[PDB]
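Asks: These are the residues of each chain, in order.
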Amino acid sequence: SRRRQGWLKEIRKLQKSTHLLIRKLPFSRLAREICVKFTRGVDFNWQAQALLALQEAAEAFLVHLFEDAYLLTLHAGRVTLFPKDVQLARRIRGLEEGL
Amino acid sequence: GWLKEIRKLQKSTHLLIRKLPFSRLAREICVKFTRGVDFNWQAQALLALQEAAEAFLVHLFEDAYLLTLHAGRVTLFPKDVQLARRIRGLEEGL
Amino acid sequence: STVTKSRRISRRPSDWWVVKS
Amino acid sequence: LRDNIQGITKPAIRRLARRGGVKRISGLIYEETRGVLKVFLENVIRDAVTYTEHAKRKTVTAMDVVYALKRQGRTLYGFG
Amino acid sequence: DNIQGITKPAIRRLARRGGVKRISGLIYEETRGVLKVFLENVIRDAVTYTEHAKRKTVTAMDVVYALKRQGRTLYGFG
Amino acid sequence: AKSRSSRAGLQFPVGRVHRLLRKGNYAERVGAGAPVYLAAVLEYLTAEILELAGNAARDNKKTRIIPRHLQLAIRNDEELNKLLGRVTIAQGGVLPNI
Amino acid sequence: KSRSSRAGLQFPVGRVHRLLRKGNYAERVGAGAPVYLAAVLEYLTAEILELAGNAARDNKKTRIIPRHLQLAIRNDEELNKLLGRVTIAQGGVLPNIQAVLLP
Amino acid sequence: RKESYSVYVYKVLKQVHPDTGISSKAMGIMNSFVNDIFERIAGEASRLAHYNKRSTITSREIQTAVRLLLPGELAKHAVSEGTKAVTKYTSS
Amino acid sequence: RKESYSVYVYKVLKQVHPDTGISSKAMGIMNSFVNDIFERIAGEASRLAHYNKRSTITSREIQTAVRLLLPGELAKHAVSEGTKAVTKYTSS
DNA sequence: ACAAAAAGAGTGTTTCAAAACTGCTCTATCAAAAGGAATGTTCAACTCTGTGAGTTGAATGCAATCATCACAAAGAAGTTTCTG
DNA sequence: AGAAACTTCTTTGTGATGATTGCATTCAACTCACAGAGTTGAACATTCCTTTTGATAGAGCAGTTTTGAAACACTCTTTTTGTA
Numbered sequence: 041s042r043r044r045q046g047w048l049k050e051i052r053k054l055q056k057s058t059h060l061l062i063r064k065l066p067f068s069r070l071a072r073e074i075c076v077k078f079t080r081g082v083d084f085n086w087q088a089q090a091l092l093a094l095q096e097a098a099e100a101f102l103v104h105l106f107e108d109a110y111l112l113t114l115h116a117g118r119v120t121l122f123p124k125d126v127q128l129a130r131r132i133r134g135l136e137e138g139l
Numbered sequence: 046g047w048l049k050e051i052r053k054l055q056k057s058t059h060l061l062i063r064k065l066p067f068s069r070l071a072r073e074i075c076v077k078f079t080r081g082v083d084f085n086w087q088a089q090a091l092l093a094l095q096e097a098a099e100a101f102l103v104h105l106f107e108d109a110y111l112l113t114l115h116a117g118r119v120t121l122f123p124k125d126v127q128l129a130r131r132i133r134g135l136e137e138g139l
Numbered sequence: 515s516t517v518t519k520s521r522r523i524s525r526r527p528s529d530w531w532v533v534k535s
Numbered sequence: 022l023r024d025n026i027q028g029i030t031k032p033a034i035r036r037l038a039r040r041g042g043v044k045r046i047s048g049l050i051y052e053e054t055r056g057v058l059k060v061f062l063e064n065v066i067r068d069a070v071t072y073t074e075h076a077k078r079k080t081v082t083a084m085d086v087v088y089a090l091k092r093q094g095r096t097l098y099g100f101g
Numbered sequence: 024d025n026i027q028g029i030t031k032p033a034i035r036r037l038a039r040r041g042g043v044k045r046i047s048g049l050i051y052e053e054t055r056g057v058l059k060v061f062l063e064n065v066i067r068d069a070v071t072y073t074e075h076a077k078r079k080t081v082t083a084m085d086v087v088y089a090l091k092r093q094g095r096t097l098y099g100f101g
Numbered sequence: 014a015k016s017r018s019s020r021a022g023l024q025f026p027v028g029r030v031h032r033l034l035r036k037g038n039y040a041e042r043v044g045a046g047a048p049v050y051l052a053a054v055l056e057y058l059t060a061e062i063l064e065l066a067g068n069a070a071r072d073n074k075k076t077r078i079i080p081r082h083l084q085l086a087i088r089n090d091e092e093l094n095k096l097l098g099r100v101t102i103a104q105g106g107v108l109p110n111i
Numbered sequence: 015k016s017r018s019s020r021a022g023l024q025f026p027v028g029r030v031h032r033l034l035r036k037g038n039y040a041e042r043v044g045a046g047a048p049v050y051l052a053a054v055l056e057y058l059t060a061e062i063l064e065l066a067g068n069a070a071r072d073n074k075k076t077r078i079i080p081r082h083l084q085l086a087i088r089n090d091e092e093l094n095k096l097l098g099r100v101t102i103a104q105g106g107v108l109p110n111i112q113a114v115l116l117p
Numbered sequence: 033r034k035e036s037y038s039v040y041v042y043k044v045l046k047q048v049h050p051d052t053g054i055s056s057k058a059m060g061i062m063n064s065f066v067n068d069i070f071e072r073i074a075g076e077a078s079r080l081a082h083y084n085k086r087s088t089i090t091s092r093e094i095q096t097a098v099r100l101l102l103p104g105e106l107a108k109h110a111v112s113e114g115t116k117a118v119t120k121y122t123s124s
Numbered sequence: 033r034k035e036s037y038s039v040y041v042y043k044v045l046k047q048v049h050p051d052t053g054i055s056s057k058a059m060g061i062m063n064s065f066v067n068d069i070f071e072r073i074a075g076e077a078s079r080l081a082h083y084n085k086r087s088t089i090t091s092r093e094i095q096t097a098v099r100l101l102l103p104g105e106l107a108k109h110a111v112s113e114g115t116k117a118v119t120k121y122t123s124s
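Residue numbers (the authors' numbering), protein chains in the order written: chain A, 41 to 139; chain E, 46 to 139; chain k, 515 to 535; chain F, 22 to 101; chain B, 24 to 101; chain C, 14 to 111; chain G, 15 to 117; chain D, 33 to 124; chain h, 33 to 124.
Keep in mind that the hints were calculated from the coordinates and are not lab data.
A few of these clues could be false.
Sample of chain F residues facing chain h (criterion: CB under 7 Å; computed from the structure) [unchecked claim]:
| id | residue |
| --- | --- |
| 1 | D68 |
| 2 | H75 |
| 3 | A76 |
Where a beta carbon is used, it is the ideal one built from N, C-alpha and C, also for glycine.
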């Protein structure tokens, strides 16, 4: 074949590493854009640690959300994660845990 | 028939479990949790405990049903209830 | 299973969403 | 075991599910729901009696239940 | 295009760490929307804390407090 | 012969809110405008809830507000519903869904 | 003659006492309350550090890292329930793949 | 002896709906709601003051705590009401 | 000038694994954990004292708060350690 | 009319704001560089649909039974006050 | 915290009884397997561009110290508000 289990190697490797998976500069650009969208006046500065903590929290949130949504995927007898799975996982988690 | 039953129940507010069976259940749980000293229960304490339990169960059934629909079924299953508890996440589902 | 310095068996979180009998 | 958990009858569980909007219920749902209700009550009652015996009382007050729920993350309003 | 900064392979790596085997194509837009919603909530509270202090820089502690009030305690930056 | 509530234009007891702030050991010291601001906020939220509850009692063709109407008012406003997201209204029922 | 030594603890009873007094928890603080609280805190950190040291040893390492803390916490049901809504920076996730995946 | 907010809830009800009564149990729910929101705001202001090493809860903490706890438009209007009240109060 | 439980966490680590070290990030996480648990227990004890109209936080509130916060087996050994420590302390 | 809480005044304390100052760290730039993202193709691997087989839950109608309501009595427990 | 006096609210018991539950069938309404049709996402090869890292100002702002004026706690008085 082309690749027996290429995804399985990727999963097994990612689930034992701890580094961030989004790139620092794109993430910080996005975060600063949102921050200025909130502040009508002069933008705030950002500690490097502030942006780092924000990215850590965001990535942990997204990973846990993907884990929860894949359970709904398998629940429907599928293996492909659909957007409706993510939406339902958000809806069941509630207003707080699911935004 | 189920439709008019649902529509009738969703516009009412009274408790759906019977007070005396609920009280017996709560009291036997309390005596299992005791440390050799029995407790009494204000009548309002049991009403409060039953108001919360029924609201919890109704909300849990709503969530579980969304899972049933996601799976393409209209019949609620124990796996749909178990999964709703798992997604709620160890404090809200418990 | 796995016991700490104190006689506290630290069981791993197997499964809790399923009811017991 | 003979009763006190079977006091939560199938018609009661069915009424709960219908108010939840469930159109059609399986048969194992009743035992599942009895188990869920039991584990819910065990958590609240434990905390309620913990409050009740921290106060040097012997009667579980409505406020003890309210505090137990509030500490578990569920706020109840009609019993202040 | 800051939201487009989150790339398809990055989202894929997130889903793989989450344990997903196969990923639809719309998951990428869905995930960008979800991440933006999450960030808006935390950043709003963080800058609220920063404004209550008479500061102009956002601090790791401001982010930590925002997350805790939203119910997501973070431990590495206290 | 003028209450602080009257001076602020409020119906909620500024003096009582001040006493509660001082005795709740929230801080070692309480400003003068803090209970005024807090009572104003509490009164505004009470007004917002009671208005919608009265509207629900009206179009429900009743005349007295009951817990059902408070529940309907809360779960039908998105902001109030987000605020009271983890709150159970005793004898409130649910909202009709499918 | 320190209170920690007098109670047999490694955690600072005097510091905990000061923090209780300065934290706006009550008007007055009993004498045994900081002792009890310091003992509880020391016990909890002992549990966590023991599990984390075991997790590090099973990885053939002699320094505990956030990954080991995360592994220790998420593998004990008691600690996993205590720190349910806690995110550990640089902790990763548990290596958990669904069974329907592995052929 | 026992404090409550029943008289004030009734006053504001007369203001907003001058012809609608309230049930005894609904009044208890409103008391619970007022106590709950008071506690939330006061605790948030407390920890704000503690974060900023301050020792007094001023009307500025109450404003920030209101901004943190309420959703968007609710918070906007609540801040407006509170500022209006403190201005009218000091202007005496 | 910035107090940290690093020295005490390190002492406990030396007691439990006499030849293991801990990274600086891991020590920061341990500090966050201790602060978090302290705040939880102290807040619960404060709420208890306020519920019972008491003005003192005694070792009885700490015990009850420990029973409320910690899951079962954790709480058993926690209260064991706490009562043991207060006995050893009052015995001097 | 009376008690209890709250305004009112005045005094002492204390604390938070303003100003000045220092250094540190955040921003903006740049310069390579190279590694990862973007692009395009494809086809095996997945999802969707429809059908038919197999299962089971709501509806129905009876008897049994027990939850509720009322009522009473007792007394256990909670409440209040006081003092050291 | 403990003791004493008071009260009030829970427990226990009795009786009716009629509403509610339980039990049995069934069959229409569902669930489930699957085979084929249709769709699509993982794998892969190549480009290049965007992120990373290392300075480098450089300056804006955070953190510290001091003074002090405002503001709040404390206390005694007056008075207004909710019972009588």
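Asks: Evaluate each hint against the coordinates.
Replies: Evaluated hints:
1. Restraint check, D68/F versus chain h: the minimum CB separation of about 6 Å is within 7 Å; hint holds.
2. A least Cβ separation of about 4 Å between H75/F and chain h falls short of the 7 Å threshold, and the interface hint therefore holds.
3. Because the closest C-beta pair between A76/F and chain h is about 5 Å apart, less than 7 Å, the hint holds.
Checked against the numbered hints above, the structure violates none of them.
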